[PDB]
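Below is the structure I would like to discuss, written out as structure tokens.
Omission of a single protein chain aside, the complex is shown with its protein chains in their original locations.
As written, the chain order gives the labels A and B, with residue 1 at the start of each chain.
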Amino acid sequence: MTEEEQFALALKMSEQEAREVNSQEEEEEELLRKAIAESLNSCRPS
Amino acid sequence: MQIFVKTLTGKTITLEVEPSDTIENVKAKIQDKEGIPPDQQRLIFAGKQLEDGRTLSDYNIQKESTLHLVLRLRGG
Partner (left out) sequence: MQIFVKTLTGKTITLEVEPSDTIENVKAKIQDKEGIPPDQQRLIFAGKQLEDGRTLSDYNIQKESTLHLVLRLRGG
């Protein structure tokens, strides 16, 4: 077996999970903000 | 009375309601039409998020009003 490749792989998958999860959190917060802001700006269809 | 609800996908839903209906009753009416669980539904009107124990008249919501429905994924 190899430990260094498998270890680096586990860490790399962990970093991708962290990066994309932080992206979804920021995207959901900005979505809520936009929805509130647009409900104030124009609540008519446009 | 009648009210309108807009989705993040840009669809409009029409709901029959009274001013004395709770926001929990509005979530249940959306669950009956769209299958969306009430725990996953956020309703916004005039820039304010609406609360389960309040009614449409507490927010001064009237006939032909447009509400904004926010949802994503997971329920916990």
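Heads up, the rule we're going with is that a contact is a pair of C-beta atoms (placed from the backbone, for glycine too) under 8 Å apart; a residue touches a chain by one contact, two chains touch by 3 or more.
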Residue of A:14, A:23 or A:41 touching the missing chain in the full complex: A:14
Of A:6, A:23, A:24 or A:41, the residue in touch with the unshown chain: A:6
On subunit B, residues whose C-beta touches the chain left out of the figure: 74, 76
Touch list for subunit A against the chain that is not drawn: 1, 3, 6-7, 9-11, 13-15, 17-18
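Here is the rule we go by: only the chains that are shown with their structure count from here on.
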Chain centre separation in whole Å, for subunit B relative to subunit A (CA means): 26
